[PDB]
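Here you get one chain, nothing else, as structure tokens; it is the form solved without the ligand.
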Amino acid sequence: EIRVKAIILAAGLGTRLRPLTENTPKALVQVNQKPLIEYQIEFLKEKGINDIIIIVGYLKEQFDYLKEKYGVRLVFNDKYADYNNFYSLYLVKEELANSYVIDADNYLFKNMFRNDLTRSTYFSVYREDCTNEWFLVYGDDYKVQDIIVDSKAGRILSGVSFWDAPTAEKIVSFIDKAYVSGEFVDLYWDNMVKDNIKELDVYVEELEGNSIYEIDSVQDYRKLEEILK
């Protein structure tokens, strides 16, 4: 599917961002007076990636205006509160090939996106004092050998990744299998690269520390606002 596209995961409750997400979906929380997802969508379109699919769920009606504003497609995930985000990707599994997968609760300081990527890539920032993050194990060729959870510092899965057709095909088969084997409700879509890493060819694109800014709490949000001034 040589049509580079993008999938934005914005269906979750974003409970950890309280009070920001009490009446606003996290993808629409405003930083510098602009919904977070708009910064991402604009970066994408600036690069010609105009086939954008947004997975919505919690307070989905607030996303409607984006269809006429940017030409994005919205996909409703009614299990946004029941299942983990493996299901968000399941709903658009056939769109994975040559697609970016983006977390909607990150502020991108730099435009990372390109329409000429030829291999599956994890755009990773280095972090310390980590909590519940997943890390990338790799050598000189930047090829991911494993993805682990046992660390407080390192190159983490940061919320921006790209998947080529051959890789996406393998992942869809893993997705199909998990969905029909009664072992998926609590899984993250990432479990499918992590739990089958030995069968996939994925590479790491080392990002400068301030390329992606994670908003994991209202405190993170307040600090970013101060930075954006």
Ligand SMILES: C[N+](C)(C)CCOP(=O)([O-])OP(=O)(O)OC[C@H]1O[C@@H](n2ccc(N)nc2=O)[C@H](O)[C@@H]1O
The other form holds:
Number of protein chains: 4
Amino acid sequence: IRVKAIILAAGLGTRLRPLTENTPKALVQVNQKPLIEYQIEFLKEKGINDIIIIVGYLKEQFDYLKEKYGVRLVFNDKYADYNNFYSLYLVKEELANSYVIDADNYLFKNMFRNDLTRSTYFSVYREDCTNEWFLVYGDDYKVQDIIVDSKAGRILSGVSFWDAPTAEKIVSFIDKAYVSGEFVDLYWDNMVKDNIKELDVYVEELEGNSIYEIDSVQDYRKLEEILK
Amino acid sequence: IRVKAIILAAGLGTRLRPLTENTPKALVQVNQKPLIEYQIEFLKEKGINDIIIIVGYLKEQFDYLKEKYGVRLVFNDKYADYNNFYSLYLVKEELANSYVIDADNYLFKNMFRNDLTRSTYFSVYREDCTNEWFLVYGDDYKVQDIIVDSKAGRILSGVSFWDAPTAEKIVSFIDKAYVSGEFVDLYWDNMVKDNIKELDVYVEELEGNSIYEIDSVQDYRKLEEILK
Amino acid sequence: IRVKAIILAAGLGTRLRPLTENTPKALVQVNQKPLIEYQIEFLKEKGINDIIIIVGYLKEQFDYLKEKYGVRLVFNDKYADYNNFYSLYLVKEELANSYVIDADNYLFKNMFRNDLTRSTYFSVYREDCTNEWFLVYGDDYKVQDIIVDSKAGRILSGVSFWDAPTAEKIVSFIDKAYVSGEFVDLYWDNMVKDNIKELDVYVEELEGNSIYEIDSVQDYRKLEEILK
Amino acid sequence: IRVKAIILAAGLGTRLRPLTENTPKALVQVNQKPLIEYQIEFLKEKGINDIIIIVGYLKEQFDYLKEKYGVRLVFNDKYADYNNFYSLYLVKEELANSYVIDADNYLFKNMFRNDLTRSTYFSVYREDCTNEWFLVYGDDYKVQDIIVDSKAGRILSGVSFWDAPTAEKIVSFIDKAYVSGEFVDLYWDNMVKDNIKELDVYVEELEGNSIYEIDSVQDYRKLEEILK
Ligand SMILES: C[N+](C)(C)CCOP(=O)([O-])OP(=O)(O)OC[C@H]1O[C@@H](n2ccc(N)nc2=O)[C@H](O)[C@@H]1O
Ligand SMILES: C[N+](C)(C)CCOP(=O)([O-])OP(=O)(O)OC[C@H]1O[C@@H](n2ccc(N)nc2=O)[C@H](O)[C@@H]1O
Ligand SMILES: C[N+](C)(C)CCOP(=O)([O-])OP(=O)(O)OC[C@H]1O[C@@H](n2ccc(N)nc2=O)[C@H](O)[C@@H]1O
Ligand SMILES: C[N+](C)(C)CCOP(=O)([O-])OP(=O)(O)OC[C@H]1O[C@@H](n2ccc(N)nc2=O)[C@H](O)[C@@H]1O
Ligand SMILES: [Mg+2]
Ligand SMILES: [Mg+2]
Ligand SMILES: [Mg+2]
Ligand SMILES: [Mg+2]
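Compare with the form solved without the ligand: the form deposited with the ligand bound:
Below, the chain from earlier opens the complete complex, with every other chain and molecule after it.
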């Protein structure tokens, strides 16, 4: 009944070079501070101190967080071999009642809560139009579908929460998926998207400047100015 | 009698995620330069300016090529429906005396030529042992067979040329194929390999670091260093 | 106190060629039925028999409507010289308590009513992202702003109603505009968008398949399938 | 110095439904014979064998002509996106000393000649009065002007021949036009009509039953009887 946080931070983050040439993405800094720190401090300040960080590319640079925040680091040796599906596979049983977080995000405000009662997707609305995973939901905010597409709307923004019963249904797809031998290129998120029919997930529309994703030096350049 | 180039680049490139989530594999860059640019600039330098690029997945990202190199982009709306047999089908009439290229390859050296006089496959030798399409030829370099298999040897490496008489035989197979009703999974190469007996094709043994394919983030990791 | 309709239909419809070289867009047919007929029959069925159609390009092809529906056609001789600002100027006095309709739109449902009491824009939400005129409004549905831009949102969809007091303020802008000497490229809609601050306009969100615009032969192709 | 022909046959011919539902316009048949066959055979019998057919809508139904008459087919992928300006753009290099033909015309007689020495328009006289493009020429038959209008006179009838120098002047407009960004709606003929001042084109008055156009099920119904 205690809420923990899983942070996916193993990737190479090649789209951000030269910035990530000798620095993992998660530890890239804005307003003179590492990206992963903002989320760790927001998670702790909200009483979520059970924090597991999946590492890989340049993992030695994370070691100091154990001492500083008391985070549990976990090594994915296949961080360049597979996609983050495997990273989550590694801690596939800690999913229940835990937050899953894409480390490459800048959080403007702390939207975390240990009172969460159901599987949630913390969705921001992209007025523009880029290729993302889009959430298809009604007035009950229950997620009807997830669709990859290029357009505008509410997307999977890199922060979610999975309750025990749903997590259980998910882990069962992870096993089959893994044993299938076909998951290399799969995002852990494919488990939900391709099985959304069997799961009950809800959206939590965020607003204003909240979760800014940095997938390229240009974004880093934008968020830079937004912070002006 | 003018040599033209057809570049296949409409695929999802899923085996390259996350690198290819918001960037076509064809446009992924090595040494701050899109893959497709090395090939186009190589083609041009050798006098081949009649370039037709088939696009689909994230097509909008190719638009700047038109203005920059004077290329022609063609949209395959079934790019996620069918294998690249359909991509070639769309331009099946521009085959004769044209090069056909797999855009997801890195070329170390410009092995192109507008003087080519016969159907050629620029094959590389794979000393290791992976599963590919192996070229079976004698001392005349005339292709005797093409066999899918896991081993070492000379392989279809993503670059070839087709003369008018050969293209004609091919395009006739493409038609029956199309009208057959079944061609979803066929690579356009299934046209040759499955009728190699009726065609006259020659091999052009490449050597050293010539054509480097990136079908996975590891290869992309490798190639990086090779260029160290 | 009687509701009348004003249908703009004088345009060249060049973006629909060849479909429109010998037929006005307003008369192009979907399901063996001219576009303008769907609107007129909907307007009539809800008691709006006071219909005024401005025509120009290929005007002679509208003449049968007079006999068939009892509509009044008004000839805009500058239909190729000026944008529809002038088309409405012609009938700027019949504005009060009347619908203003862009003829080049298909209507899936009859959203016309003779009980309207305030100025309304019947809007559709565009999930994709094209360049249009966007409606900026609150929870009162009172229009706060109208912006030209390319994105998603609620857009002016070619159907609106204007009440006496609002029509009065608008007609006063038309006059000044006309006598200003510059109005060649102005949509009649410019009168509202550029004085939205002095006017009280409300939105009436439309849902589902309601108002489909055919501004190109592709759309005409789409709408085709939609009705599959 | 060899004369070739370019037949434009990519459009959708919607105005001809139901006749063109599962048949391209060029392959709608009169006297159990496809329209494009009459023009191909007249063109051959006069020694013009260098025939390039531009296809699109239902293109597969043309493949047989390659074997049968040895015509070269060409695929315009934007056949429903743009007007035939683009279709001609694809082969803008084969214009010089070549006939340009609108495949939706029934030829009563073979007015083709490989001896042509100057840009020509094989004009017919319409005693009636429809909206078409009219040739304004003097007694020297040199075209002074082309004007869209609704009346009687000599029109652009769907057959013409262009010489090297004129075609050279026309191709330079085609280029600026394309790079302009706006041609989406231009007929290839717009190049001639909106530049007629810079070109030397002549008229070749046809007489009696020569070229009958089928743009609608009404025309087809007429021609039917004329042949009675
Ligand atoms: C498509 N989605 C919405 C499901 C997720 C989008 O993911 P993406 O395309 O931005 O790629 P990304 O690598 O930046 O994914 C974000 C998170 O996955 C992590 N990651 C990636 C690959 C890998 N083997 N292990 C990981 O832990 C990254 O470090 C990063 O923190
Ligand atoms: C099996 N062979 C030897 C014939 C070739 C190997 O082909 P492959 O297995 O690497 O799969 P692949 O999808 O990468 O094929 C390479 C090229 O096909 C293109 N491609 C693929 C599918 C599709 N519908 N259209 C395409 O244009 C890709 O963009 C890529 O440039
Ligand atoms: C820009 N908006 C949002 C104000 C409206 C969009 O208008 P549009 O860009 O689609 O151009 P359009 O020509 O289709 O305008 C729609 C209506 O105006 C009519 N029209 C246009 C010009 C003119 N001189 N007289 C007219 O009556 C057309 O016939 C058509 O029924
Ligand atoms: C206005 N003119 C005089 C310039 C030509 C008249 O042209 P039209 O109004 O009869 O329309 P149309 O679609 O029949 O044009 C005739 C020829 O263009 C071809 N066509 C049309 C659209 C397109 N993208 N490519 C084409 O090649 C048609 O197949 C047809 O054979
Ligand atoms: Mg990311
Ligand atoms: Mg490949
Ligand atoms: Mg319109
Ligand atoms: Mg015609």
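The term rigid core refers to the maximal set of C-alpha atoms that superpose within 1.5 Å between the two forms. Residue numbers count along the first chain shown, from 1.
Just one of 94, 116, 129, 140 moves its Cα by 2 Å or more between the two forms on a rigid core overlay, and this residue is 129.
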